[PDB]
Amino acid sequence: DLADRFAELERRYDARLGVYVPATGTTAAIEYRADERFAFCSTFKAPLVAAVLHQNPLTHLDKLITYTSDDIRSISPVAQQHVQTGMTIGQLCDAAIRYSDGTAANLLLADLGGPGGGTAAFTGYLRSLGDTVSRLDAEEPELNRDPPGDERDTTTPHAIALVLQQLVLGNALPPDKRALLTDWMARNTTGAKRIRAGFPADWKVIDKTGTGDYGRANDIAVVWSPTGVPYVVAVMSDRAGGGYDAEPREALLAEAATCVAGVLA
């Protein structure tokens, strides 16, 4: 009866909702509009950090990057306080995930190199993980701002869930680098009212949120049951009916996550 309950959520919040939870050896996939395109918004920052980790030695994390106040585009809770000092690649990764720092993301994109200030390289990385669907076309903040229906800067709940699965539970990264991404997601500061709010306290939740115009609110997570069984959960939403200024609704995500948690228990 989950399709009906998700539909009820959509009507309640005047929203479009997308949900994907991959199948496991003991559970069926949960899917709702799982193959429809949604804007990444900040959820791209998790695989962006993976791409940076993948393409460089650990010692790269200690490279200091310098930038100016004019490079700050974009909600950047950490970068805003370190113009004078600069930030290391590792500090940028930490900020991009845990504070969803947009300047940190733009700098990591630049670090990947190549056309589109790194967006092509980022998209190439996803392709290397078997994701033929997702695309990144702009940097921060423009990537949050494409109109509904625009294919630019989009993924699908299905595609991003399969990517996150490989990054955290699979072998996309070696154990030491995998641990770094996992730790940063585990200590995320921006997700308390989203997937975390839908799972009981005895479940571990690591996540990366995304927020944008047209009422966009996303969250991608790996969760572990009270006995240690992992699931990947991707929830994406927008409220295009309210136009550019529509307010994102975190409760929609918490409610969808609650539905998911009840099935997985």
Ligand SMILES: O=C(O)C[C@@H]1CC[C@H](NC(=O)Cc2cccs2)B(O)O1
The other form holds:
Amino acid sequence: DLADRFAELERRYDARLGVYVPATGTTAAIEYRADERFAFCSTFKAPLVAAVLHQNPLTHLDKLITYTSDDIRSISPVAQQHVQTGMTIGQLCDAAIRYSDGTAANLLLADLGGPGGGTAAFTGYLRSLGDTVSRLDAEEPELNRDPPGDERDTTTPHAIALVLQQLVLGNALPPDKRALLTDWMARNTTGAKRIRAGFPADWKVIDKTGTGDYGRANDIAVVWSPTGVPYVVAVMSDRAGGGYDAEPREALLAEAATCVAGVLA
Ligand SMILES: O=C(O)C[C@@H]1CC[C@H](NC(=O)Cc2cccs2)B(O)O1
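Right, the form solved without the named molecule is done, so what does the form deposited with the named molecule bound look like?
Once more the chain from above appears, this time first in line as the rest of the complex follows.
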């Protein structure tokens, strides 16, 4: 049973694995711990970009955001090199998705506005998509500090998969905006050893990764079959039994994805 093989992975990596592939017209759902909470980690940066796209005309992408060295409080591979010049909103969306840029994320949260530096607004966005489970309670990097059993800054594989489904493959965004989210995810630089590593070369993979404490490693993806048939793959993992500094394990996600591709191909 596919469920039994996921349990094999949990046992072998001493991990908790959560999987959701939504059903389609020609496939069953794949569900494993799909309604258990897992930390978002950097995965929220993809729907965050969708929020900003949703809320604004595309001309907003050209708005210049200036910030300081003092705004670099989290892993920010792009923003930390542009403190002198600032970055447009479009550049931040790019950085947030393609390089998990945590300062870009923080700036895009402030862009949504309102109490919580934008965290309330973000969660509200997910609520507008039908998601009553997910919650973002802090910015980077504090949103990573939540220990197991604290529901702050968590989602479920089921919730995040269905959010991604609506954003990339559904009608949550107008198709021009959707195209952007998709293109950015298609050119991600962080995802080569996760879901991408588990799918044959003839399948297309776009994704957004996340890594945190307690061995947290997530990847959410949209994949296209050699036929052009698209599916959403959400894979979430932690290794919390090893403590706050348990090693995150990309290969766990890669194996999970391989098992998923075996079912879908
Ligand atoms: O996209 C990825 O997979 C990596 C990305 C890096 C920035 C974010 N991590 C943090 O800010 C702190 C961290 C804890 C443990 C590792 S990095 B995010 O959650 O993950």
